[PDB]
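One chain follows as structure tokens, the form solved without the ligand.
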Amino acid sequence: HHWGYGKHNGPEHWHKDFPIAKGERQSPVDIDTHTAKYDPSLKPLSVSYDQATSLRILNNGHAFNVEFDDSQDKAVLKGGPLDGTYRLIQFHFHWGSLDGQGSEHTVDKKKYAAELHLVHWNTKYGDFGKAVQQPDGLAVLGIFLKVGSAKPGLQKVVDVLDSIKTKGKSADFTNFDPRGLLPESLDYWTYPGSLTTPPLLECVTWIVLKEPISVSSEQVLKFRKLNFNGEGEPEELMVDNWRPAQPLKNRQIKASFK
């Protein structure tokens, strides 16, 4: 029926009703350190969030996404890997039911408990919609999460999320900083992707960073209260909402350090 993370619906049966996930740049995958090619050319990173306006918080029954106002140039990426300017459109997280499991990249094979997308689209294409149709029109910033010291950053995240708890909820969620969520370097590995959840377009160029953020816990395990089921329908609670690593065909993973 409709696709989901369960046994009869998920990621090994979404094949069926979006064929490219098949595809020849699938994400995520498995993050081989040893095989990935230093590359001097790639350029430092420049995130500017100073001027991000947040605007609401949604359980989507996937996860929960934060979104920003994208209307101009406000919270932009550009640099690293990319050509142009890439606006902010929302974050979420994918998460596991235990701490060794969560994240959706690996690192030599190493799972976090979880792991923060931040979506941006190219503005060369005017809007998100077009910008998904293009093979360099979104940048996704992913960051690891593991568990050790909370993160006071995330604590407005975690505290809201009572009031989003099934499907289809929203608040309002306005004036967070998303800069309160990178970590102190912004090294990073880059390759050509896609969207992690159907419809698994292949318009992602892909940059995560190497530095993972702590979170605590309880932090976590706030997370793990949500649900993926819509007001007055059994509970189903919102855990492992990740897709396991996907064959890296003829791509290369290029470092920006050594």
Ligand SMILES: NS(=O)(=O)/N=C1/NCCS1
The other form holds:
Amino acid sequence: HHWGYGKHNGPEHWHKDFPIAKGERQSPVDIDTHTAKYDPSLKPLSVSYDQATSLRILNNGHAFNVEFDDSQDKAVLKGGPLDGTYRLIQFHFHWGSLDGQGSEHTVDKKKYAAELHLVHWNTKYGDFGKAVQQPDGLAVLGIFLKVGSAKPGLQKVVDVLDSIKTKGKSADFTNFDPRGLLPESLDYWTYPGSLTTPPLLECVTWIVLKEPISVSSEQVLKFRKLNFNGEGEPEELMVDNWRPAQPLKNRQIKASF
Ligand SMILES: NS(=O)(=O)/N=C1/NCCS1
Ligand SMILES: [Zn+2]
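Please move on to the form deposited with the ligand bound, as the form solved without the ligand is already shown.
Below, the chain from earlier opens the complete complex, with every other chain and molecule after it.
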């Protein structure tokens, strides 16, 4: 009976195996744009993905991860609220069964069709596993997806999904450029939070871009053809793999703009 997104194992049940689900800095959250305050102490955000080196794509039964070679300082996030350098290790998405839902964060209660998470770890801790024992161990760059025009930079991901339909399948996925997934503007909101999947660790500085990217209906429809189940098992489409907004508690959301 492991965790998932269904009636009997979904987000309302995670707290039994992962009590931090009811913690003081859980994610995602609703971003109330009128209560968010501009912070002139934030330095410019630096997304440096030119030497990023993707290696593989994997269906983990919860989403798909595009994994990077993080053995050297290549694809990094710096600046903004961050102290020091954070290295990209993977990205993945959360999405819905319908275009009117799928994002994890919300903006004045608005749900987007999907949300992209670029996961980075603080290099002062040496690797990802040590970083997730630290309150400033991770930085996740969150980007909203709306349905409209296609995102050309996403198509290479879309086109490999047929080869990883089911849980545990993976494929070679070299030379993917994550710069092709970024909107024009780097205007963001930031707050301290957590991973949004078990184990829900409270190690994340969230950086959520204000400008969504547009993807086409055909692109998101291909996400929704993935499966939560493994091969040869009854089909459960991989849809609505998002955690709803959690209590803000004693936090302030800051704006960079
Ligand atoms: N959705 S998320 O990016 O906050 N969750 C994660 N769990 C494992 C590392 S990334
Ligand atoms: Zn995520």
